[PDB]
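Below is the structure I would like to discuss, written out as structure tokens.
Yeah, one chain of the complex is gone here, protein chain that is, but the others are all in their spots.
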Amino acid sequence: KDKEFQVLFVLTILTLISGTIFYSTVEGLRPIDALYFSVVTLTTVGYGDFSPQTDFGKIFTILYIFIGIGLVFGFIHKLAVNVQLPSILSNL
Amino acid sequence: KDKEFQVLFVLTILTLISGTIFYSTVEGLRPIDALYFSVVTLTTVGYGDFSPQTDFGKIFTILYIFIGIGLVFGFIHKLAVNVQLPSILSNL
Amino acid sequence: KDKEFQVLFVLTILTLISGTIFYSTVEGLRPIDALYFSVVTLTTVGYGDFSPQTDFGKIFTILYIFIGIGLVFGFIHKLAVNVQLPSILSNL
Partner (left out) sequence: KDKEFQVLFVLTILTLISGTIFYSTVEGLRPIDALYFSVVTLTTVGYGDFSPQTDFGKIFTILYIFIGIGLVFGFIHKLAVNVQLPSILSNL
């Protein structure tokens, strides 16, 4: 379970690193903005303060969402159930 | 399972083709923008860089969301569990 | 199951009627825009082409989301599994 969580943690980090590199380079965002945009995208918040303006950016974003959402929410779920949940119960 | 995934893959593609055709035609978007908007809508990201401006567009969008979300996330789930998950485990 | 689906269908309609009335009245939207905004909100798309500008609107929106999301996605799920799924299998 801790190994489950470690792996999803690492995969999430790699997914966000890829988005950070792509959006900084192709869409010209500052790295911090590119990370923030990647997170806002894959958690499906989607403020739209940043969004891809190039066709390369839009196509990547389509594929990035489809491949990354499953991982990100997998990680969030394991975070909530295997980490937050026990500490909450512990505090009781 | 591979047949499960093939079918949801095909249905997702058809759903996105329909949106691409509708939004290009009625909302005047370039086909690539219409595809990108369809994806951004049905994955519930919703940047709002594109959004329907006509009443025909808004009504279609209501019905498109209700009918398409279930399919798109079904596909994402099977992608994550039946495709990404095994290759990840394989890499270990 | 058909009774399950009928009930969630009716409840969803009532939830969207309430939002349509509220946003038309308090936020001044045309009824069609108010319906479209209610749907875009409760499915968590959130384009932001419309959003509440009054404090009454923001407070209602907080409570509307918390109470309506569970119903809307319940309906979407039953739609997908109890309606779309069988017709898809039938087409095969």
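In this document, chain identifiers A, B and C correspond to the written order of the chains, with residue numbering beginning at 1 in each.
Going forward, a contact is a pair of C-beta atoms (placed from the backbone, for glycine too) under 8 Å apart; a residue touches a chain by one contact, two chains touch by 3 or more.
Every visible chain touched by the undisplayed chain in the complete complex is listed here: A, B, C.
Only one of B:12, B:44 or B:61 touches the chain withheld from this view, namely B:44. From the options C:18, C:24 or C:51, the residue with contact to the chain not on display is C:51. From the set C:32, C:65 or C:85, the residue in touch with the chain omitted from the display is C:65, counting the whole complex. Interface residues of subunit A facing the missing partner chain: 32-33, 35-36, 39-40, 43-49, 76-77, 79-81, 84, 88, 92.
In the full complex, subunit C contacts the hidden chain through residues 7, 11, 41, 44-48, 51-52, 55, 58-59, 61-62, 65-67, 69-71, 74. If you put the missing chain back, the residues of subunit B touching it would be 44-48.
Following the convention adopted for this analysis, only the chains that are shown with their structure count from here on.
Counting partner chains per residue, subunit C shows two or more touched chains at residues 44-48.
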